[PDB]
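Let me begin by presenting the structure, written as structure tokens, before commenting on it.
Heads up, this is only part of the complex; the chains shown haven't been moved.
Chain lettering (A and B) follows the sequence in which the chains are written, and residue indices restart at 1 in each chain.
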Amino acid sequence: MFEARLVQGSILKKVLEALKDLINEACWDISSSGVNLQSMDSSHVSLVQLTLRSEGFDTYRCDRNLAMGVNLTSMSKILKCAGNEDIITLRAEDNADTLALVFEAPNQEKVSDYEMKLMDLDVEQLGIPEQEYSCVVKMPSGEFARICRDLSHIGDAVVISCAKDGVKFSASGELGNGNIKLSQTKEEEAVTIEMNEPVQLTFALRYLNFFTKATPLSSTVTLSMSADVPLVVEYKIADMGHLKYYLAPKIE
Amino acid sequence: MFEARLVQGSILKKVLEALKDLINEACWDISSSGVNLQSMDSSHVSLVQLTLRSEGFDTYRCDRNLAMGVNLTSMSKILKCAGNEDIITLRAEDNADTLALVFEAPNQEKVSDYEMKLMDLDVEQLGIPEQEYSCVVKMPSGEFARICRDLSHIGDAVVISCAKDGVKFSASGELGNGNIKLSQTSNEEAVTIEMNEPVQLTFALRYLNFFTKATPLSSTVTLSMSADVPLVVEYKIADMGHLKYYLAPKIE
């Protein structure tokens, strides 16, 4: 028997917008520690990894560990029925085939109350080795979104060169080519770099533009890179957990 | 001869948005009492009933009773050419085959001036057998819109249960099911109920979502229900008249 109550419902809405189009089906690993999700996209290229620790919920109770299989598109449709200021409460009986959801308003005259059909999923757990990275760029989520969205019009791949001065996003294609140079810095939204070794890597823009759907979760985004290992795009669900997107660099 | 002058042109624009897609053709009953319209939708399920009393117009003159047949899509297109703050004046001669429209600006340096071709129409006026109703829910137009719009994603029909405490909108379907519980209030935008007998009725959501296009006419909406009789969704065109939608409940 499971019962997590989250006051910032917006978090839960924003998460499923960032995921519904990248992954159709996924397995929610519920624990006393918190709510986890780990999955690869439809086409087995990018890896998603959600962590919502139990400290971050206003109430939390989890007697048995659940492994709820969910259609993320279906779950997104239900969370559309929640206002952004609503207090969302997840609940699941022990002997269960469904997840309940209860949206309370700010006024609390209104009380929405949904029940979602679950499903069977035999997806396999994956290894996320704890790797230290050469370059670690911290920048604003919106600027990373803007950049990835813009270079899409130029080309199908972005080349992220990274030095000590700043970071450089490049792209080539039919109509021409482009270079977006961002230097280090400042207050709130600032570009900062922890750089062991210089890195240059190529990534499909198609997939980065899926990751940037998480942009509403965080003012900042962190990109972590080393050669011959997957890029980690991390959006911090502040004071609560994270949403990490992993992506394999191209070989060319 | 006919000449109604309405200062709040917006009213007339908002009306035809609420109707153009639900009914293609309709007969405008002009009278000394005011402008009326009564019609069933394309597919003979829902009944629409507009009343704009002559007290509510800033000028009003109607010598003979007219029965002007109108393509509501055509009339909508002309009212798009009116600004929201424009002063709209309807005018028609004796042996009429056309409706005039006159848009005066609030800057007063522009004067649009349209003429709309009318048409022949056969209208069998159903006796709307004015009833007293079991439940009469008054709530905010926007919340009714939100609710109907949301539950569409869950299912094809809404079940409006109504008690003394509040009102409960339910829906079932493929992905799961949902319940939106709205309670009454003490003390602008408030849920209030006049409840003779408890009522539970099912309605197609498809049609309620058509009715909610009238939402711009009024901050509040009133739902009136009794068993085995049609639901009345009433949007008040304040200090002027109303726009009522009738709908047949489903049969269990």
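Heads up, the rule we're going with is that a contact is a pair of C-beta atoms (placed from the backbone, for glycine too) under 8 Å apart; a residue touches a chain by one contact, two chains touch by 3 or more.
Asks: Total copies in the complex, given 2 are shown here: how many?
Replies: All together, the file's complex is an assembly of 3 copies.
Please note the rule applied: only the chains that are shown with their structure count from here on.
Asks: Report, in whole Å, the distance between the mean C-alpha point of chain A and the mean C-alpha point of chain B.
Replies: Whole-Å distance between the two chain centres: 44.
Asks: Where on chain B is chain A touching in the complex?
Replies: So the residues of chain B touching chain A come out as 143, 150-151, 153-154, 174-183, 185, 191.
Asks: With touch defined as at the start, can you tell me which chain A residues reach chain B in the complex?
Replies: Within the complex, chain A contacts chain B at residues 71, 74, 77-78, 80-81, 98, 109-117.
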